[PDB]
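Taking the form solved without the ligand, here's one chain by itself in structure tokens.
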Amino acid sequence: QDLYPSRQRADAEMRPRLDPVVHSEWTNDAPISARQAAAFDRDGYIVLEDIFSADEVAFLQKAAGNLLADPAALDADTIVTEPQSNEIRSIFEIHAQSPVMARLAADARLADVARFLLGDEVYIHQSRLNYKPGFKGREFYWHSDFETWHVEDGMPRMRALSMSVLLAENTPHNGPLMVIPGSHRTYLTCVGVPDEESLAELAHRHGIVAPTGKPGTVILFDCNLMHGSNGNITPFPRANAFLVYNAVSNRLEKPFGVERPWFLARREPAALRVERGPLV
């Protein structure tokens, strides 16, 4: 009934993953190579580069820029601002509010990779457009999305993944996403913030990596991969569209705790329909 209990004890534990990472047999018909599929399984993330043309990228950048600069058509409940400020940091449900971001989410270059990796038809569990300014960019402390999705949203199994489509360049210096590779194969119960000693143990065993890339680069990661980012004092902003794909068969139950709003988690979802062709 609960494969992954967390936030119950006062002590934390490292429990085993009890789900596959790659949920399909690999064949010549798969949308990624046999090595890509093995890398995702072993590391918990892969990077897709040069999949969108320069015109497609510029178009996604313009759409995102317009959303961030002009939020007025959006649902106010979906907007996350800097704490004592009206400056936008995230817009949730972008796949539902923006025709361009709906179309991005449905695009075969993304969604068929999801359907392969998750061995199922898929739907959008959550989406967000994120903007982290230069100079006063904040850190995002280490977490596994799955531990939250499970405890708070009722997601039963590790059968979801996130895709980050970079809309502003990530360099080594502007606080890119950092992951602990292979950490997805351990479920770290929380006492919902993972503990220092277990993070030190994961990082010593697996190291840290910070995928970088130019706008249009897609960073794909397993729902349970341990990740976070440093802050950003550089003048160079970070911006991405974050799409969470879940298998339709892993649809949410009652929360495995008592611990949320509409827009954080889609609570019988229908299958995403895949679109083929250029975005513009």
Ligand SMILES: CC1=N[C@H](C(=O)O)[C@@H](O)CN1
Given for the second form:
Protein chains: 2
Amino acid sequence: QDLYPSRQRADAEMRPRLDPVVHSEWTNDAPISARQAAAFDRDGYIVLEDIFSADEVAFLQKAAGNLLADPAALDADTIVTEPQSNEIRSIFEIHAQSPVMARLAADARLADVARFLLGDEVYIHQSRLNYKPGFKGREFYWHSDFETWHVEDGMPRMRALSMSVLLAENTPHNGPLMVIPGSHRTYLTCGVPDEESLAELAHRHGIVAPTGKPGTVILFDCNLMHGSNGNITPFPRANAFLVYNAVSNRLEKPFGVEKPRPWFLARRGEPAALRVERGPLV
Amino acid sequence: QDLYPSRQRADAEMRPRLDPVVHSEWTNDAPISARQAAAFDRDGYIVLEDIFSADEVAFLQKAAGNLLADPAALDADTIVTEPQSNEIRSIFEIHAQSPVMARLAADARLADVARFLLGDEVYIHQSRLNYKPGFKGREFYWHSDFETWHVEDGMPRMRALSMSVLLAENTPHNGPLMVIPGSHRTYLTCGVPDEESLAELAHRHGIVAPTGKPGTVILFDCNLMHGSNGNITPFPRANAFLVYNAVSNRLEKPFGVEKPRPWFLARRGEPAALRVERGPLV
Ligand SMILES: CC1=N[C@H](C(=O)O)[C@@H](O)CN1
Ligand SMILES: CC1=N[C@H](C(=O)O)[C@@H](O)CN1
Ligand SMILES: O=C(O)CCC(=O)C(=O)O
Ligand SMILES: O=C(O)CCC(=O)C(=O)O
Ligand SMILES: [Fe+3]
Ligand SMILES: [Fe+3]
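Counterpart to the form solved without the ligand, namely the form solved in complex with the ligand:
Okay, now the whole complex, with that chain kicking things off.
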């Protein structure tokens, strides 16, 4: 029942992936092009530009701006500072609190791609606004999102993806998301990946740090190795994260101990199919 | 006496540069092109690529890893290590402690450009060899070299430049040095520059981060605002740092209190000129 055991041996292994990456047959009636599906297959991520209008983008940026400026109105449980601070690092369940964000996640232009790639109905496993403050923004060391979702939340299979919607401009200077392309086809066991292994992957695959204007979307497979550096620039980097999970891939018990995990980190346990909203955002 | 007062008020000022940036008239005798010289004037830095042969590059790389591997053989005060291990991170006065580095700093391809740009005979105010490992590389916040060299060392005029000779590859990803071009014409008073000022400079000049294969040289005016982000990548940062000061501009007493500063951070007091060296490094 555990296809992806981790944190059990005193060594790390590079286990082979035992799941599809794209879980659908591609055809003309798909939300992305055949080349785009093959890219995701091969690289474990793709980038979508100009899929929202500037009115849509502008509306979005204020939704995030407003949530991040009145943090006494939202669940105190769902706020992450840089602990020794009170500058915000993330805000969880933003699909659950902000209506604007809820409407975003349910939009066809995101969810249909999510359903095509996962070949199933989808639901939000998790959401976050990773506001990366200028001057004092701290990094996110390398990790496979799936390796925590699996051991800690009990996500059984590789059938999920993240969508990062950029709300500030991501230049190469304010700590954008870096990925190791192709790393999604290796399951690297551990709770933090080991330097020697990481070194092997990045050598084998190099590193990409996709940039883009606000409204650009980065979609990466749940098992892609990724991270980011800190941000000392005056430019904040606020990026909404949406984790789509296939409903077939509902959470069983955590394939580890410390079971279970806080409610906003991971949605348990019986999901309803997302209702896909076709339209703009006003 | 003091043209550049700093650390003497609770309010920082942005004061104007009262020195030239390029101290010489350009002709066809200059070791750089007229557009390069104009670019240094305007931007505060330029980048020389391919001035060293690959053999010469491999030679410097071999000598620097040698020096970094052998702390026994070097002055103990001029060493910096990691507060958890005995890994070297810096060696000061390498222009002194290493004959190779002493020959790099006297090479015409480097010293003649300083002599032109500074319009005087030069000498090493400070040299360094830096190894910044991957994975755990630390940030290094914004600051003008000249501000500390003025207040703490007694450098009286803006008549110095820094040369960073890349010994490992700097991609956009491994925390490469960042500069705010044009900020060398503004003297930001204070010993850390404040955020609002830094934001102002970055908003009006933007941020650039010169990358390059090893052997690439980055030259920058002493008062150019710079800094770097952290480095989680598996790719180390390594460089030879060389500060050329014009002999005309030798250190007086500090324009602050805490007089003075350790020998290996700033060469007092009546230095001789450097002797340029033409020819290969092997
Ligand atoms: C809940 C969550 N866990 C992973 C982690 O803890 O690194 C991350 O990849 C993202 N979100
Ligand atoms: C000793 C030295 N100090 C500056 C600094 O640490 O802020 C750097 O800009 C250059 N060299
Ligand atoms: O935005 C970041 O740099 C963190 C990305 C990440 O690993 C996540 O929380 O999904
Ligand atoms: O100190 C650092 O590492 C930032 C780069 C720099 O200013 C230097 O070391 O010369
Ligand atoms: Fe993540
Ligand atoms: Fe510096």
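Residue numbers count along the first chain shown, from 1. Basically, rigid core = biggest C-alpha set you can superpose within 1.5 Å across the two forms.
Per-residue Cα shift between the two forms after core alignment stays below 2 Å for all of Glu169, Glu87, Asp112, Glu201 except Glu87. For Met101, the Cα shift between the two forms is 0.4 Å when the rigid core is held fixed in the overlay. Taking the core as the fixed frame between the two forms, we note the C-alpha of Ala73 moving 2.2 angstrom. In the rigid-core superposition between the two forms, residue position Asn130 carries a C-alpha shift of 1.6 Å.
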